[PDB]
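Rather than the whole complex, this shows some of its chains in their spots.
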């Protein structure tokens, strides 16, 4: 039930607030998770406010039916966030907790990332207008002018709708949180190491130095080894230690993708297939945030996991990109020419990975044909939206295949469209719309979460213009 | 789990707040239920604050175990309150909703009554002290002085602990709420009747007049009669219309007690038996709040119900007290002398009713013996606390049996003691303690909910003195 789903948001947010009110016991977050609490409270309050202002609270079972899917996805993301706060509140091996936790976590930004990617289902809250016969027209034209061509700009948007889509002037707050946690952590570490009163202190010093290169000093971590790096060269390749993102195994992957594939008979919905694609992308171009190139990408290198209380949703990272010291059908066509670590080239692998996910079948029932450009074809059952995006990347020229920034946002747009329509036409081929946003407005090596409300809207605006 | 129970409070309160944020659609409350939301938020916030201040958030599974039962009862009462808010938010027969709802409801005060009767399980939050060895003594003596003999006074208490036990200077707020609802209601009724545009309006006028005697004008209520008052005399007996309390069927009783008895083999725990007793008392002396005397009380006149999401708890009212126009073993011994509507006499019936509830067996396997004073005796299995209270009332002299005020509060004290100790000695015979509070401090025709924090504490103070 629609309104009932809202009460679920209330329940989850109350749970979060109850857990958080006993705050000062945390020694890692309480400056990250506090941001989560504030953002979630703001989101709930603003969706409640806009409901109260633009709906009428009598037709609880007749003319709210459109609200179901978006609010359900919202309870999912809220639940996901609360569970992260829980795992950060656990009392389990404080030292191992420090290690596993944020030196390089950013799970808070990942969660708010999903929150943003789905909050733009405020477009639902706008379906209340669709009592008074003349009024309906007023609301329609109001929203129409809210979607006018002259409204496409970071400044103009961020000023005319900042408070409707959660953007304050606390856009820069996220980074301050990412910082004060660090200093509380090092203060606690110094307190521990100098107020020690075996070998725990030694780690602290090694650990404290990292937050102050490549320490990697001692086997002091005796490393009691369960089931399952050769020379002191390429030391500078240890920067890896400064590539933090919740889509990159900085610690351990539960299982990989190719493993999860061969016994997969469909387990991936268009609504987890698209997601499984995005967590890669959202995480991919952060590599280019330091210009590092994965080079070889394969389902043997994408470590998925389980999303807890979700309908099969998984959080995936990417492993093996680092470590450049030591079948080819997963290589790029241009990297067939060895007879190739272009930023552009990696898309062929990304596309190739998605090729499996959609179909669930590995490419081919030949290498020379790949250079020519002939490519395997997906089945009739596969949907129109997914197929168009992969094929465009599929083209042989390396420049004509789109970068990750040019491919992440368009995926998340598909997400918003799906969440808006539980049933099943897609608007248009997605690629054409992106070019517009890419075409003029563009001119961005890395993108942060603040841009999501704008990017999501621009397509809504751009799409109307056609 | 203790802390887990708290998260349940968070969930319930979030549910309530989500339902309430869509407020203005209500046409009966939104000045009563708003009081509920404010009080519940204050209760949650203050228990959270005192937890954060007097506990330490690491021993989540070791030294909080004492918190379980009180917080569980708290989630019960919170749940009960949310469900009332729901029933008031329902969209079902707005006119019948107006009738059934508050002209004489007071369900808000009944709910806050239970909330007060159980919040004094803040004494649990004081068990955190029972890390630092010297500190434990400090907290013990602090609480000891919090329980000093020189602290027994409405003013001194209400000033030195008002904010710890929820009492503001919004003690008088409750009545203002009970009022503004009325005026919003009559304003909506006038709007409806004068903006009518069959016979709905006629009711309004009759209904509006009541809130402006005995209208009872017409059979305009055609009264489509399901399964199942003789002359125009004793018109003044219609005051009944001004006796409002959520423990008195002002509209219909689902089932009575004697009905629920004969097939009852125990269904009543000491923790619902005591409660079933109290809802009577809490509701009994409100009759004396207008000096009306029930006279004849029998399980054939106590209409119990179901408490929804509770462990068999029921909300009961009293029916047949009014209507004075038209076996004796349920009569008082002094009203054996007919060969008798004393306020004192009714206790014999109340006691007699409780006599069944404890034992579950009707008195006797004789009337002359009752005048003499011989009385039936309860079995060995029955607990010590319940037996002492009934027997004292049982005594033949009508003056030596205690009034309802003198018997309600002592029952609720047993409630607090039980909630504090899930296992199973009782402190002392309860009657001795009441006499002390009754003995000097007393000097009270009616009592309101504000007095509950004080009354509950006084026994804790009085009991220590012994």
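So that you can tell them apart, the chains are marked A and B in the order they are listed, and the count of residues begins at 1 in each.
Operating definition for what follows: contacts are C-beta pairs under 8 Å (C-beta built on N, C-alpha and C of every residue); 3 or more make two chains touch, one makes a residue touch a chain.
The complex is a homo-oligomer: every protein chain shares one sequence, and counting across the whole structure file gives 4 copies, of which 2 are shown.
Note that only the chains that are shown with their structure count from here on.
Rounded to whole angstrom units, the spacing between the C-alpha centres of chain A and chain B is 52. Chain B makes touch with chain A in their complex at residues 6-7, 9-19, 21-25, 44, 48, 51-52, 56-58, 60, 91.
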